[PDB]
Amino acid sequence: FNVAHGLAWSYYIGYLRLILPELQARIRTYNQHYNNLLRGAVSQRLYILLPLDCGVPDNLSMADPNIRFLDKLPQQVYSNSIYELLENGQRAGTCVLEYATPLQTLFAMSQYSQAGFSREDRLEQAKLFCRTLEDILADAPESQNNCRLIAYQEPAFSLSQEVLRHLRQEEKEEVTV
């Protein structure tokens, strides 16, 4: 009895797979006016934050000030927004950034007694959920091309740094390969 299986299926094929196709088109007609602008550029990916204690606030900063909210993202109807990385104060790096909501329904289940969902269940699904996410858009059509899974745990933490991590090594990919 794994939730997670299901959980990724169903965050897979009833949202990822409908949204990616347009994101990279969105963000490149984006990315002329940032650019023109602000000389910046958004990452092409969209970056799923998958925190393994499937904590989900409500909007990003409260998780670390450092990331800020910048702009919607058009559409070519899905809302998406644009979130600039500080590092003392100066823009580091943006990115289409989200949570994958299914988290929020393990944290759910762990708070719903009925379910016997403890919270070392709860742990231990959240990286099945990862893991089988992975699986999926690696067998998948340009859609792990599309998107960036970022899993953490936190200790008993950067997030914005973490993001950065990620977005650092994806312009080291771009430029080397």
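Positions refer to the first chain, counted from 1. Rigid core: the largest C-alpha set superposing within 1.5 Å between the two forms. First, how it differs from the form deposited in another entry.
A movement of the C-alpha atom of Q111 falling short of 2 angstroms is seen between the two forms when the two forms are aligned on their rigid core.
Relative to the superposed rigid core, the position of the CA of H33 differs between the two forms by 2 Å or more.
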The other form holds:
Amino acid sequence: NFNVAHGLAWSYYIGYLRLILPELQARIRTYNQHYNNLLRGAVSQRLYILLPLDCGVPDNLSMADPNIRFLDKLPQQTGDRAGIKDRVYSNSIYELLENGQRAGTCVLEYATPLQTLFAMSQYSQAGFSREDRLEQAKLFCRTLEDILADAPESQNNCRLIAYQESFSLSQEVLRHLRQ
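What's the form deposited in another entry like, now that we've got the form deposited in one PDB entry?
No partner chains or extra molecules come along with it, only the chain itself.
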């Protein structure tokens, strides 16, 4: 079963991180210079990737924590991909609240393949148990860490936030953001 998370981690790098991480600093610089509110803090460098090991991935982050609120989108990145003209890669900027006030602003999202591991564990024909899922989530993160450790597109460009669940997601992101 090893090969499920191995494949998904390689697919996440090849099909997403290696394509968007090289251009991310320029998109954030563009946002900060031309789109960011004049009075607010600069959007932090780096893509922050949430890796819940229970593979609980809501689509709406902005509601999953009261202290994480959607602010804005980066400029879109588009390119021809496998016969799709101008396929769109979009990223969302979030404010992180601490004591009701803004403590940080960053590009934040879940690793969408963890949502796949979760769905595969639920489908009879995938032949993937809820025990397989925790082991595969750990292997997914370890494989991604190992890829990015040798990856030339990763130039201080992303931070992996792995966690297991009271737990505060905003505090967990702020701890990485403040390093």
